[PDB]
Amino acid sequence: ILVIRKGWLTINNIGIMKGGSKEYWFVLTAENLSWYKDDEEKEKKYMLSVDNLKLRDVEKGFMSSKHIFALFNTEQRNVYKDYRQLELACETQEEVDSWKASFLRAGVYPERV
């Protein structure tokens, strides 16, 4: 497999008193987006397929620094587990645009309609 990008991304919507909102190490390929506990890639948390994934800018509206985008399955109501979208937060819009650009190489395109 060819790696399109590896980097840190905060998972914004899968956090509470269980697993608090954390930052994971993501590895994007043309076929999957996996995340690990750290860049040593010793503990893998999940491997999501890029099939039917689109990208959308989340409700960044709340006056906070975090810049959010979200991946979703156009052929399903839930992207993974019982989540509608996988929200991914970054520190800047530049970083978000940067990642958006990498996703195009994986076949993950901006919201269809």
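Positions refer to the first chain, counted from 1. So that the term is clear: the rigid core is the largest set of C-alpha atoms that superpose within 1.5 Å between two forms. First, how it differs from the form deposited in another entry.
Here the rigid core is superposed between these two forms, and of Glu59, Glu40, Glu75, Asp82 the C-alpha of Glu59 is the only one to shift by 2 Å or more.
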Second form
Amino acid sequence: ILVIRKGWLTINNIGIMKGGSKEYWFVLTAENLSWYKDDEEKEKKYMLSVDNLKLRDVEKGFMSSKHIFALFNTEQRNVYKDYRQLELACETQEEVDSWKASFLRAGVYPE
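Return the form deposited in another entry of this protein as a structure block, the form deposited in one PDB entry having already been given.
Chain alone follows, minus partners and molecules.
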């Protein structure tokens, strides 16, 4: 399988009261997006198919500088478990646009 990109991203809406936000190591391929505990990839957390996924921007914060974008299933109400969308946070606008371009190669287009 051809890997498109690997890098760290922060899952912004999965956890919260359980344990802050925490960053995960993501591996995006043309077929799926998988995230692991770290770059050693010896402990996988989940593998999400990119089928029927689209991407969209999300403005939220007004406290600490952050940039969010989310993946959502267009054929379903919940993209993963009981979550409507998978919110991924990056440090800069540059990094978000960088990841968006990568998702484009996997067929994940903006809403």
